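Asks: If you want the building blocks of each chain, they are given just below.
Protein chains: 2
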Amino acid sequence: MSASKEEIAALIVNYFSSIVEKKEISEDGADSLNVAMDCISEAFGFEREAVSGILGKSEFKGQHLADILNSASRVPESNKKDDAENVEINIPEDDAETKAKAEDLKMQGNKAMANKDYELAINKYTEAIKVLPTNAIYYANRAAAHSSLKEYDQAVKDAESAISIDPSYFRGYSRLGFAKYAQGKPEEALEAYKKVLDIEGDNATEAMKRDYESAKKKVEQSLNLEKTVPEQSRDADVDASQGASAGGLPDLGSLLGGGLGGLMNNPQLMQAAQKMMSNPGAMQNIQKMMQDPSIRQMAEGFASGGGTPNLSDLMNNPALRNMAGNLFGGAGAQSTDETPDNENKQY
Amino acid sequence: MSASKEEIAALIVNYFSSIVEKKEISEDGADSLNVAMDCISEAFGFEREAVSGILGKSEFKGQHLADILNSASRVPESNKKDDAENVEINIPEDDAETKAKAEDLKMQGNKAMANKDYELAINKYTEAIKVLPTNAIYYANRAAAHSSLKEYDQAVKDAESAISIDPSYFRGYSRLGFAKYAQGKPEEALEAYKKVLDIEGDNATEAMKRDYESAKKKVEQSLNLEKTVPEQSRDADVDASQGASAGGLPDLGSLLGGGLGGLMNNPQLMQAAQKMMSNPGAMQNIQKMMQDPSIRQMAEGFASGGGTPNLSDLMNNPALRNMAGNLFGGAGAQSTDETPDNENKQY
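Top line first, the protein sequences correspond to chains B and A.
Residue numbers for the first sequence follow the authors' numbering, beginning at 1 and rising by one.
Residue numbers for the second sequence follow the authors' numbering, beginning at 1 and rising by one.
Source of the hints: derived by calculation from the structure; they are not laboratory data.
Just so you know, nobody snuck in bad clues.
Since copy identity is lost for identical chains, a pair holds within one copy or between any two.
Here are the simulated DSSO-like pairs of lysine-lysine, each with C-alpha atoms no more than 27 Å apart in a straight line:
| hint | residue 1 | residue 2 |
| --- | --- | --- |
| 1 | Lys275 | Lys57 |
| 2 | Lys61 | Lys5 |
| 3 | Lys227 | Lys216 |
| 4 | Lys5 | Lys57 |
Next comes chain B alone, as it looks inside the complex:
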């Protein structure tokens, strides 16, 4: 290659522009280089200043940088405003207070609950749920209030909801088991007062133990209610020993006896890097358009209608010939025809 031999002229004139800029050479010598640039400029039809856009055609496939520094101006370019620094303190700081400010709503709801206002408290604890729902204290408080007000359904729907958030909440189990025992529901009441005996243990009072036993009486009733039916699902029930039932289960053989050389019979390291995919292929590429690389090979033709002489036969006949080995050794020096040869006087 030699590029399009047009942008080369822009590099040439600008190179001499640098020489005459300093004027290192004689003043008259710089005049020669000066009028030279002037002439090359109008020769291709450009101006010896606006050479930058002309160079934008070939990147010099061998030079690029290092050799010639008189091409690519080392400018980082483009800086307006982008720190790309983290906020840290957060933008939604405004509403972020309500995460902990729901405590005020709780304490104001307690200013209802402790002031005999049951219905008003439950309203204000649901109002505190409206901001922060996930807290067993909200539900189990409404559970305590509802079982008192004989809303045993709502007492449950708060009690097991409070357990679902916190299984250490004693009021959760105590109001669930109370409301469910009042309805007669066995499995609920037993396990609610079991977790009294489990968690509290020595804090678990004799009354709590006795009410656990009294709930177990209801469970004894549900022993004949709760029953998973077989549904007549027959498999081993029907003729399983039918045919030749010698054993449908092998010990190892047909099971997974195939262990010709386990661990050993593995790539292990996998080795899929030194195999094909190390770096060749892909090339990134992307789509830069690059004006028109439709075919884009090189300077085809330009061979021109010049009448070449008989210069093609300058090559001549190979004058080497068998000269060094024309008669050397083999072709002349031959007496080894017979080893005795001059064996005169036989026997």
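Given chain B, work out where chain A should sit, using these hints.
Replies: For chain A alone, kept in the frame of chain B given last:
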């Protein structure tokens, strides 16, 4: 620092010496490359031939070779066997051996045809047509002989090519008529004979009346009951001056020998570069005083923003696919949307 400016200069002057001799730039602009490279070699103090030695010492840092090869083999092989040898001194190529060939084929082919030896008549005119394809005489006459050998459609092409050179040659239309006549079209033949008498006008002789009467001997009895009366050929409406190029004639003849520089050869160049006239072509379509906003007052080609990438993007080539892709969104045609201005009176 990009090596010695003298080493660079030695490559530069040789680089121009090759381009200007190859005639890849016109000699007009090559004179300003000549005086330039002379001022360069003058200034640093070397000859344009002395560069051969300097280029052996100048190995550069980046390129070295291949990206520039004027520091190595700047000449080609030109090595086949008996190419052209450039036939100099005899400058008239179009009349060299050519003129002596075509002339003896003219009158003698005419006398072969007058003997009704159309076989030999064609032989003469075929060689002569190959010599000077600019001579309508050999085409039209060969057409008369070609028609007579039952090759009427082929004879239409000869007669057509005679007209395509010289459409004022009435004897081109003569056997064009005879060809279409013997295709079974007497009335569709008469129009070309009528063109023989049209070009000749009121000076139409008995020798031309023969041609007209050939078709007329049928047509005079035809048009009485059978009327269509077509111009058929038409052709004089697309006369002008025969504004047609050659069909192509590419490579010239493929054998160009090898124009490494040559010595006064036919370039056949600059024809494609010659295309420069410029003419009035706007048309005064001024229906009103404000005929189109030619003031261009912020109107069209405004909304762009540039939105350009950098130069550094050149490192990636679009071998992924290569397409438009980045249309930059568009929607810059926002004018005819009617929402700009609109007008609602407002009272």
